[PDB]
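Colleague: Can you make the complete structure from the sequences, with help from the hints?
2 protein chains.
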Amino acid sequence: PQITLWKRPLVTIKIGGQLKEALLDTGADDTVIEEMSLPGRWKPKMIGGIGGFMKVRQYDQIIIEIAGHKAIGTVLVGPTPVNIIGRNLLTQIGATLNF
Amino acid sequence: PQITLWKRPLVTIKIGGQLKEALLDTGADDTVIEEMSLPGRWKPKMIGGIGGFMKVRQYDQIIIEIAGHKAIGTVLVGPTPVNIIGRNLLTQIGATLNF
Ligand SMILES: CC(C)(C)NC(=O)[C@@H]1C[C@@H]2CCCC[C@@H]2CN1C[C@@H](O)[C@H](Cc1ccccc1)NC(=O)[C@H](CC(N)=O)NC(=O)c1ccc2ccccc2n1
Ligand SMILES: [Cl-]
Ligand SMILES: [Cl-]
Ligand SMILES: [Cl-]
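So the protein sequences, as listed, match chains B and A. The opening position of the first sequence corresponds to residue 1 in the authors' numbering, with each subsequent residue numbered one higher. The opening position of the second sequence corresponds to residue 1 in the authors' numbering, with each subsequent residue numbered one higher.
The set of hints was computed from the structure by calculation and includes no laboratory data. Among the hints, a few may not be true.
[To be verified] Result set (DMTMM-like, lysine to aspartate or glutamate): computed pairs, CA atoms no more than 25 Å apart in a straight line:
| # | chain 1 | residue 1 | chain 2 | residue 2 |
| --- | --- | --- | --- | --- |
| 1 | B | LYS20 | B | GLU35 |
| 2 | B | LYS7 | B | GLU34 |
| 3 | A | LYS7 | A | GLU21 |
| 4 | A | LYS14 | A | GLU34 |
| 5 | A | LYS7 | B | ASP30 |
| 6 | A | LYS20 | B | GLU35 |
| 7 | A | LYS70 | A | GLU35 |
| 8 | B | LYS20 | A | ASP29 |
| 9 | B | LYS70 | B | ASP60 |
| 10 | A | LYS55 | A | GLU35 |
| 11 | A | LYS20 | B | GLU34 |
| 12 | B | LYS45 | B | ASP29 |
| 13 | B | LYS55 | A | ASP60 |
| 14 | B | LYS45 | B | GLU35 |
| 15 | B | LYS20 | B | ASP30 |
| 16 | A | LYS14 | A | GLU35 |
| 17 | B | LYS70 | A | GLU35 |
| 18 | B | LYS7 | B | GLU21 |
| 19 | A | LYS55 | A | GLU34 |
| 20 | A | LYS55 | B | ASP60 |
| 21 | B | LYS7 | B | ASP60 |
| 22 | A | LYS20 | B | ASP30 |
| 23 | B | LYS43 | B | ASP60 |
| 24 | A | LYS55 | B | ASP29 |
| 25 | A | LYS14 | A | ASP29 |
| 26 | A | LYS14 | A | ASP60 |
| 27 | A | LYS45 | A | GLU35 |
| 28 | B | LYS7 | A | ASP29 |
| 29 | B | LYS70 | A | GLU65 |
| 30 | A | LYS20 | B | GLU21 |
| 31 | A | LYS43 | A | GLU65 |
| 32 | A | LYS45 | A | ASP29 |
| 33 | B | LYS55 | B | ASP29 |
| 34 | B | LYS7 | B | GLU65 |
| 35 | A | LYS7 | A | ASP60 |
Modeller: Here's what the structure looks like:
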């Protein structure tokens, strides 16, 4: 699709069998999803943005569908206010910015 | 132009007579620039992101050139470590996300 930006670019994702809403975010390096159960071991990560830092759980090699497009990659889990699809997965779905 | 997302989508902007680097940020509602003076009136605002909230100054009707494309809108000024061009100005330059 071609997504304009008059509204937030929210899409459906599927992760852990579950549908969620998430924001397609070119400003985010990483993908951050609200607290949920994911399989396997996790590693620590500290992320930062506009109001400071957040500790998250880093899970690697997670299967995730984004607006119908399949990705397999790193998902950070933590108390984020919005599920964010960052560039690590935007690149897997072939997304670009155009003007 | 078409901008891929392997790296942060940074572009040159001109604001307040100054050249700066800024991030094209589809996940940001607002445009937020590091501390600088701008003409005219302003009012305080609190904006949210990962980590909580940041206090900023809100300046309206500010012209900005973004990668060569003129736009006008609200610009927030505060202690951001990265200048961000959010949707309020991305729309004005005709930016879309494509996949
Ligand atoms: C997600 C993470 C990997 C931590 N990356 C970032 O957060 C980087 C950090 C960079 C350095 C600091 C300055 C911002 C830039 C860009 N951000 C990405 C950037 O796209 C970021 C992602 C985001 C969206 C929604 C909620 C939280 C976080 N957006 C923002 O910080 C913008 C700022 C604004 N008010 O316009 N936030 C929002 O547009 C926004 C929208 C809805 C919300 C609901 C509840 C609480 C907060 C909400 N914030
Ligand atoms: Cl990844
Ligand atoms: Cl505006
Ligand atoms: Cl349009």
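Colleague: Quick one: which hint numbers does this structure break? Sort them smallest to largest.
Modeller: When the structure is compared with the hints, numbers 6, 11, 13, 17, 20, 21, 29, 30, 35 turn out to be violated.
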